[PDB]
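Enquirer: Given chain A, put chain B with the ligands in place with the hints provided.
Number of protein chains: 2
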Amino acid sequence: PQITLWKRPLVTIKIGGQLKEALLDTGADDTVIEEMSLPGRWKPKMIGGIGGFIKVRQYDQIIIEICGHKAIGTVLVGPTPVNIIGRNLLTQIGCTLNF
Amino acid sequence: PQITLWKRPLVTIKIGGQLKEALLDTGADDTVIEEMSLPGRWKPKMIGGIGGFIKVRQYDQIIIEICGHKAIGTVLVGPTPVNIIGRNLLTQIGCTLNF
Ligand SMILES: O=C1C(=O)N(C(c2ccccc2)c2ccccc2)[C@H]2CNC[C@@H]2N1C(c1ccccc1)c1ccccc1
Ligand SMILES: [Cl-]
Ligand SMILES: [Cl-]
Ligand SMILES: [Cl-]
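From first to last, the protein sequence lines are chains A and B. Numbering-wise, the first sequence is residues 1 to 99 according to the deposited numbering. Numbering-wise, the second sequence is residues 1 to 99 according to the deposited numbering.
These are calculated hints, taken from the structure and not from any lab test. One should not assume that every hint holds.
[As the list claims (entries may be wrong)] As a list, the in silico DSS-like pairs of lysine-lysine whose alpha-carbon atoms are at most 25 Å apart: (1) B:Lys-45 with A:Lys-7; (2) B:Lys-7 with A:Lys-70; (3) B:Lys-7 with A:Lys-45; (4) A:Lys-55 with B:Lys-55.
Chain A on its own, in the form it takes in the complex:
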């Protein structure tokens, strides 16, 4: 699809058997999801943005389905106010910026 930017580019994602609403975020290096459980090993990580840093759990090799496109990558889990799909997964679904 072609998604305009008059409003937040929110899409439905499927992660760890759950459906969530997430933002397609070209300004985010990483994908950050609100608190949930995911299987496998994790390690703590600190990520910083507007308003400072938050502590997250880093899970690697996690499959997500984004608008019907499946991708795999690292997912960070922690107190983000909005679920964010960052560049590490946007590349995998072939998402580009065009003007």
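Expert: Okay, now just chain B with the ligands, sitting in the frame of chain A:
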């Protein structure tokens, strides 16, 4: 152009005759630039970042060139890790997400 997302989508912008670097940021509602001098009156604005809420200075009707494209719109001045061009100006230059 078409900008892929394997690297950060950093571009040159021009504001007040000076070149700066900024991220094309679809996850940002607003455009947020690090402390600099802008003309005119400003008013207060609170934005909710990933790390929490911050107060910034809102300047309206600011002339800004982004990757060669002229925009005239709202710029917020405040502590951000990287200058970010948000949806308010991405729409002005005709930017869409595509996959
Ligand atoms: O406020 C931010 C924000 O903090 N970031 C961070 C960031 C860091 C790490 C992971 C994800 C996000 C950031 C990254 C690079 C440069 C500057 C800041 C922004 C990345 N792209 C948009 C994101 N917005 C949004 C936002 C989105 C969801 C929930 C809260 C905030 C934003 C920015 C400005 C105005 C409105 C929303
Ligand atoms: Cl990854
Ligand atoms: Cl590609
Ligand atoms: Cl504007």
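Enquirer: Now, for every hint given, state plainly whether the structure supports it.
Expert: Hint-by-hint comparison with the structure:
A hinted pair counts as satisfied when its Cα atoms are at most 25 Å apart, and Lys-45 (chain B) with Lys-7 (chain A) qualifies at roughly 19 Å. This hinted pair checks out: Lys-7 (chain B) and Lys-70 (chain A) have alpha carbons roughly 21 Å apart, not beyond 25 Å. Note on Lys-7 (chain B) and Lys-45 (chain A): the hinted pairing holds, with a Cα-Cα distance of about 21 Å set against a maximum of 25 Å. Our distance criterion of 25 Å between C-alpha atoms is met by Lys-55 (chain A) and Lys-55 (chain B), whose separation comes to about 22 Å.
Violation of the numbered hints given earlier is absent; every hint is satisfied by the structure.
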